[PDB]
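Asker: Spelled out from the first residue to the last, the chains are:
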Amino acid sequence: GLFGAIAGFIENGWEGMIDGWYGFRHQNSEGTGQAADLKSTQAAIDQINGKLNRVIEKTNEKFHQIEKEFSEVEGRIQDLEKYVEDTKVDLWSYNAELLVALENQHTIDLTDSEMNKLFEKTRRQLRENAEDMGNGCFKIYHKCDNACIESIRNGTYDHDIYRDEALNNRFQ
Amino acid sequence: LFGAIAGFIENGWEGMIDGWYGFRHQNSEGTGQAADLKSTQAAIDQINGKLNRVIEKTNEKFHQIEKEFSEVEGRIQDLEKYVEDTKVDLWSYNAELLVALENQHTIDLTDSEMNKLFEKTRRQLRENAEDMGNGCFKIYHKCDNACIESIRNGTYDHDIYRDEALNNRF
Amino acid sequence: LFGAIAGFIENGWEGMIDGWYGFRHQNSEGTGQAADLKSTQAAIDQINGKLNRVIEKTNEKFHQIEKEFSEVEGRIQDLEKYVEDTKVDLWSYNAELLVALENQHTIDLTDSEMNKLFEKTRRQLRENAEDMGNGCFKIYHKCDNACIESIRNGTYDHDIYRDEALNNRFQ
Amino acid sequence: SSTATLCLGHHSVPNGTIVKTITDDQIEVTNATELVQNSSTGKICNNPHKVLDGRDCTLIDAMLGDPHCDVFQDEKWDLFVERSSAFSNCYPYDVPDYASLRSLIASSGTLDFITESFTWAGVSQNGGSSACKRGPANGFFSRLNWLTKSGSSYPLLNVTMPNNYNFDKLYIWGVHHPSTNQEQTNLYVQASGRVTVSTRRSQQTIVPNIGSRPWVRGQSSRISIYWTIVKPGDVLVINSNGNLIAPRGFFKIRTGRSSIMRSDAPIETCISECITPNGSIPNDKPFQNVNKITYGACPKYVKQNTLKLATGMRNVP
Amino acid sequence: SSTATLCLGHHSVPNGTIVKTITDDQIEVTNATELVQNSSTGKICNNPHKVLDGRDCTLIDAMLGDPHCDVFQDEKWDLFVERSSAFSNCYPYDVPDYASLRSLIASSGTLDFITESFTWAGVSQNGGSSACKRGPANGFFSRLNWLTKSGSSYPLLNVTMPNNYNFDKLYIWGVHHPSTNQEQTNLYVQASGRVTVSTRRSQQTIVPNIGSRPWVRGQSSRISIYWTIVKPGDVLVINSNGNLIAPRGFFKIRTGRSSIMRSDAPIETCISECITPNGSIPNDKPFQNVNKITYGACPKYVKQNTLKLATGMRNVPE
Amino acid sequence: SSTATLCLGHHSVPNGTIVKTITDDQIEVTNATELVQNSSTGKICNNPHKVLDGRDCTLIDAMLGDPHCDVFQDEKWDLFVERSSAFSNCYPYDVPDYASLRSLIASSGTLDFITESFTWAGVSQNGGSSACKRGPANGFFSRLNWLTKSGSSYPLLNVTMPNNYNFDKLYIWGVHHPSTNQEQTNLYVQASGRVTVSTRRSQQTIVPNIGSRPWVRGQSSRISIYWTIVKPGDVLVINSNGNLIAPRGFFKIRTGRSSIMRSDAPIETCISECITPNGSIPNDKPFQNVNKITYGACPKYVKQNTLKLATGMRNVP
Ligand SMILES: *[C@@H]1O[C@H](CO)[C@@H](O[C@@H]2O[C@H](CO)[C@@H](O[C@@H]3O[C@H](CO[C@H]4O[C@H](CO)[C@@H](O)[C@H](O)[C@@H]4O)[C@@H](O)[C@H](O[C@H]4O[C@H](CO)[C@@H](O)[C@H](O)[C@@H]4O)[C@@H]3O)[C@H](O)[C@H]2NC(C)=O)[C@H](O)[C@H]1NC(C)=O
Ligand SMILES: *[C@@H]1O[C@H](CO)[C@@H](O[C@@H]2O[C@H](CO)[C@@H](O[C@@H]3O[C@H](CO)[C@@H](O)[C@H](O)[C@@H]3O)[C@H](O)[C@H]2NC(C)=O)[C@H](O)[C@H]1NC(C)=O
Ligand SMILES: *[C@@H]1O[C@H](CO)[C@@H](O[C@@H]2O[C@H](CO)[C@@H](O[C@@H]3O[C@H](CO)[C@@H](O)[C@H](O)[C@@H]3O)[C@H](O)[C@H]2NC(C)=O)[C@H](O)[C@H]1NC(C)=O
Ligand SMILES: *[C@@H]1O[C@H](CO)[C@@H](O[C@@H]2O[C@H](CO)[C@@H](O)[C@H](O)[C@H]2NC(C)=O)[C@H](O)[C@H]1NC(C)=O
Ligand SMILES: *[C@@H]1O[C@H](CO)[C@@H](O[C@@H]2O[C@H](CO)[C@@H](O)[C@H](O)[C@H]2NC(C)=O)[C@H](O)[C@H]1NC(C)=O
Ligand SMILES: *[C@@H]1O[C@H](CO)[C@@H](O[C@@H]2O[C@H](CO)[C@@H](O)[C@H](O)[C@H]2NC(C)=O)[C@H](O)[C@H]1NC(C)=O
Ligand SMILES: *[C@@H]1O[C@H](CO)[C@@H](O)[C@H](O)[C@H]1NC(C)=O
Ligand SMILES: *[C@@H]1O[C@H](CO)[C@@H](O)[C@H](O)[C@H]1NC(C)=O
Ligand SMILES: *[C@@H]1O[C@H](CO)[C@@H](O)[C@H](O)[C@H]1NC(C)=O
Ligand SMILES: *[C@@H]1O[C@H](CO)[C@@H](O)[C@H](O)[C@H]1NC(C)=O
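Residue numbers (the working numbering), protein chains in the order written: chain A, 45 to 216; chain B, 429 to 598; chain C, 436 to 606; chain D, 17 to 333; chain E, 1242 to 1559; chain F, 17 to 333.
One chain only, chain A, in its complex shape:
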């Protein structure tokens, strides 16, 4: 939510992209199509992982400890033992709460970052051959067939081939 892409200028998520986490959708003369971007998906997954492993990694072996349940009242020592256990449990409960909240907030922010980074990169690729609507979609101003879209998705798009075509169609 901190970069304004998901729940932002994208509006909605595509329920139906079973191939990846981020992808492209195009409307063309030949017909509409859909693809998935592995780089942004694998970058986000590799960040969600590692994050998981740092939390999950086992860090606790304890064998002999203090008694934590009692059947007879005794006084000072029992008061001390219970107070120690209560303090330990409360401190670890706070640590778990703060960890989960902090990790979840960063998880949302990095998914916006990857989406906004993909959008910005495509803007640089489509230098002056397209302009941006406020819906997360681009309007290409030249005849862009299926091989043309595949080149944009790959990153091998050449703007000089279609520059004068778009500039004429953009400005009178």
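Hints listed in this document are in silico derivations from the structure and should not be mistaken for laboratory results. Any given hint might turn out to be false.
[To be verified] Taking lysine to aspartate or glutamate and the DMTMM-like style, the derived pairs with C-alpha atoms no more than 25 Å apart in a straight line are: (1) E:1526 to F:40; (2) E:1533 to B:512; (3) D:308 to D:94; (4) A:126 to C:598.
[Claimed, not checked] Stretch-level coverage of chain A by chain E, calculated; a stretch enters the list once three of its residues show a Cβ under 8 Å from a Cβ in chain E: (5) 57–67; (6) 178–191.
All C-beta atoms, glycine included, are put in the ideal place defined by N, C-alpha and C.
Chains B, C, D, E and F with the ligands: place on chain A using the hints.
Answerer: Positioned in the frame of chain A, the structure of chains B, C, D, E and F with the ligands alone reads:
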């Protein structure tokens, strides 16, 4: 972390008593100032909830150990003091780290909502205006009060003034 | 998190010994390199302070419980060992989480200062230049050494080259 | 004038507040709030908890039955407040492991006492001392029975009391330590006393010690206080050759959220869920700097006296 | 149509999960994983730890030598399980500082006992009681020698036993508390007993207590249990005027990662590192809400029952 | 021509550090610093803390008055150092609740002793033994008086000493355990001794116990060490039938930041605010991995041996 406040905006308007973020325009009819309720409420809803998850009541304790002593005893008293001292230090660090972490995130998000409003206005005025390096927009067509209000509402149409603005631009 | 370093900048200039960030220009007179003090000092002022808030002295303890024992005793020794073990494990978690959180923010803030310099330059050269996708700018007019220094200073005027650059960009 | 200017900005305030971030130590924000409570009203609110004020009495003295602590019989409390002006005005005594007895009585939260019909054959009962006055003449601790010789013989005592209830019983008994060998024989005939109190799972035996001690309220002797707990279905047996301070019954011991606190703050009519020795404090804030000793729903104690949490953007005036 | 359209977006899911962030409390994400383990199988796995089930016996009774606990002699364990149904069936006794003795025995992880040749001159040994039956005949705690008068005299006992080994010796002894003076004189000629167990660096002396006590298995008398540890190169001296419950040897005491746990769960054939009184639990998660008493490689105990951790973007379906 | 190119970038270094972040575990940055101190200088610095080295003496033995510990009379310290080679060379003894007495002496920070004029009528004083030699003659613990019979009688002792000062007093006394009945009657006429030391709010009575104990410097007997504390305005009473190891005075007990530490590291002339048994460690870092026993302004103990904190951007080649 986003520029904006203490950044490409330079200064903060002391006098916007209507909201947290807003617009100011210089027009052929005159100058004006308004406030944006979407971004202001979005921020307030984020500072809130942050406040509630911190303020929420916990720590109901009834019987505990003794923490003040009149007679020197030795092993047990030293143990009871060390337990209490360790607890107090760990919570003090928890309080300091929490405040510092939340305060940084509060600054970062307030930058985000201003940057988000700035880019929303930029995408509305597609080619009818261009970015002056101060957080202000120079609109290249005649834009009356109804025109400015349409921009603030989000119902601005660039196709109406596209060819007029393009002529004055280039 | 902002895409500048390990992103649309590709590489790092191993050889900038003057500052953390800077400009490299290719010109008719020749190539050159400079450094930006504002962003470098802003980042340095942020890594510092973070360092000082972590490095400040905090605890001064004199008399405590025993932590090593020569004879097995039972209940009291078990409590004393458990208390010390609980304390050490909690602080070790605090040290680990603190380092992970600060390092993540240090990486992020260095992207921000770089992305903020790039966005400031793009807003400064409004229509006289346009992006290239590698952290560089294609300036569409003649820009000598004094011209470049005016961009780095922030005293660049875009109207002096507006018509020349617009014609070179469009029809 | 075929153009227009549109600017975006944020509010500023004439007076900001300084907070602490991670990258900076002194940064100004428009609004901020305080997370640490560093003040107390000084008035201990009497609601919602049941606060019992022991004016001149400690908990043990009230439990024992000091004549000037008699107004506390069969009392109950959520929090017992022990004043620093408290004193003892009965027979000099000491309690081995005094803190543990005080703690478990405080956690029980009640002084409900049930008198049981003990039978002490061959000995005289209801002893009194000039050190423990009940009005104009000698008296003793209530809830306790001083036994001495009847005539010229002190017989061996063997009494029993089963626990036919479904709750635990707490018994308070004592042993008398004379100051001279003559005082031992004058009250108990036998030259060496002995007290044994035991159940099916525990035992206690104390041998009295004869010797001079500091003179407190006219007495060179002392009394040691002991306690025993009898589970349901268990039985209590007391065997004594002499020097026995017999119990008069048992204390009903409960499990609850009661405790004891030392304070000198006055008690007023108000509502507060958190109690400290300095008084009552509100608990709207997560942390507090007043005292590390608290009772109730209280903010956690921290060393810092101030912690500001930002509730607005940075103030750029 | 001279123009095309290219749209960038992110996936949604028909069903999301609710997590908790810093700014919001209820926010939906595409995927999430649970971090708290809140269920127990109920079956205590017998691997990889060596779990010893003491059915009707406590650890102290097994150490002392209760006849119905004789199957536990010279045992060893990693976790000793004490069932709620255990009972004592020997001479009634109490252990001053019972918890410390139980804790150090449990941490030792062994009941290996070595018999030593003590010489008690002038007294009769191997006494027993009807309260502690070994089959049809009267018996006593094993590893424990009840000494009474021989004939009409009870001589002074002054015995020594050095530690010529390279490991600590754990000794267990006791003092017998008669109920009447006529019984104290009958068992031991001296009217007031005394037991002194000492080393070069520590001493313990007990005076027996006389008094009537509630009948436990027909006995009004009691026995108190004490322990002494002899370092290598040290020496043990026992001096007594009577009322001595002599030891029969020393327990080997080791340093290890053993412990004791009170539970009623059954033990099954399975594999699990973490043992709780509620049973064994897996350790693939960093936190657990089952029990605060644990043994082995366990998740840390927390108060919360659930903690969802986000593993995807926010879910925004319309 | 007719154009130009302007590029924006960041520095790189030919060599980075591997640090750890939230998302990754191995990421390279230009600059980083260590936060965990994992080394000690091996030399305990004598500044600014006042370090006292008890070469062959433990704190209790120095307090008691062992003849080879006589050089430690009226000493003061901030940190007492106990060496592993310390031994005892006087009458064999044991201290019930040894650790607590060691704790309160160490925290008191001083061994300031004041001799008081006790009157022991009818008994001979200044006992000694071959086990505790002071030169060529038999001696005993200083600050301790061994009282035995005078002629053929051992009277009852009843002596008092009030606390007319405004600071607490610490009294160290003892009880003698003979090895045989014949030795008990030989030193004290009575066949069974008794020591009672009490104040207006406390009492302690010990009945000695006869029996052989291991040979320690020619002695099969033992001495048990106890302590009592008298508040200002309170009084001390000692009543003994025999076997009493009387005190010669009181220790002045203070409140401060003194402690004790067990180490075998040497002491040098240097300045260090933090002391560990391994030696003195610098405190320029927030965490340390040398030892969990510390004294002074010290980094917190952690299990990790290294924790790198990034101080530069990511290193990209
Ligand atoms: C109750 O039982 C205990 C033991 O069972 C008896 O205590 C023993 O008492 C004897 C003395 O009567 C002790 O023996 C003495 O040992 C000294 C050396 O001790 C050891 O340590 C050194 C190293 O420090 C070794 O070198 C040495 O070999 C020993 O192993 C000797 O120095 C003593 O001197 C004897 O010999 C010389 C002649 O050379 C004579 O002049 C002396 O008078 C003396 O006879 C002596 O050998 C023995 O150590 C004690 N044992 C314990 C365990 O304490 C009690 O006496 C007994 N009580 C009763 C009432 O019977
Ligand atoms: C053993 O010694 C103690 C003191 O060393 C003796 O106790 C003392 O006894 C006298 C009375 O005999 C007490 O005096 C009293 O003082 C009050 C005023 O405080 C006065 O009003 C009384 O009339 C009486 O005179 C004295 O306080 C007391 N001292 C202490 C410390 O207890 C004790 O009598 C001696 N025992 C034997 C058997 O000699
Ligand atoms: C002191 O009091 C205790 C308890 O008040 C007495 O203990 C009791 O002793 C009697 C034996 O006289 C026990 O009764 C026995 O019961 C069986 C039947 O189960 C019967 O066959 C025997 O002949 C005998 O009567 C009784 O259980 C026991 N109770 C307890 C609680 O210990 C003790 O005898 C008294 N001693 C003196 C000297 O008065
Ligand atoms: C609350 O009361 C406590 C008393 O227990 C105060 O703490 C003491 O304050 C005095 C005066 O500064 C110091 O000399 C003592 O050393 C303090 N004692 C302890 C144990 O800290 C405390 O200052 C009071 N707080 C408020 C807000 O009234
Ligand atoms: C990377 O190597 C550089 C050297 O190229 C290190 O920096 C300096 O190294 C010289 C020796 O070549 C020393 O004299 C300086 O004191 C060093 N300065 C600093 C600030 O370190 C640098 O430390 C190395 N960094 C890493 C991460 O290995
Ligand atoms: C690497 O970082 C350290 C800081 O962690 C730099 O050294 C610091 O320099 C400042 C003065 O500017 C001092 O106040 C600090 O005490 C120094 N700290 C340390 C650890 O040396 C160091 O110059 C940096 N080096 C490079 C090559 O970036
Ligand atoms: C600051 O915020 C609090 C709520 O967190 C509010 O009650 C208060 O009125 C605000 N003050 C100002 C000056 O905005
Ligand atoms: C979501 O997480 C679950 C584990 O809880 C896993 O089985 C599933 O494959 C994950 N799906 C995606 C799309 O990550
Ligand atoms: C585990 O057992 C304890 C009893 O000691 C009980 O309080 C708790 O609710 C149980 N938890 C589970 C998950 O079975
Ligand atoms: C410090 O000394 C302890 C012994 O008490 C030893 O275990 C540890 O390894 C030592 N550490 C260092 C850094 O010397």
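Asker: Taking a Cβ-Cβ distance under 8 Å as contact, does the segment 57–67 of chain A have three or more residues in contact with chain E?
Answerer: holds (count 10)
Asker: Counting residues of the segment 178–191 of chain A with a beta carbon closer than 8 Å to any beta carbon of chain E, are there 3 or more?
Answerer: holds (count 10)
Asker: Hinted pair, alpha-carbon criterion (25 Å max): residue 308 of chain D, residue 94 of chain D. Please report holds or violated.
Answerer: 19 Å, holds
Asker: Check whether the Cα positions of residue 1533 of chain E and residue 512 of chain B lie no farther apart than 25 Å.
Answerer: 21 Å, holds
Asker: For the pair we were handed, residue 1526 of chain E and residue 40 of chain F, check the Cα-Cα distance against 25 Å.
Answerer: 20 Å, holds
Asker: Run the distance test for residue 126 of chain A versus residue 598 of chain C: straight-line Cα separation, threshold 25 Å.
Answerer: Measuring from Cα to Cα gives roughly 81 Å; hence the hint is violated.
The structure shown violates just one earlier hint, number 4.
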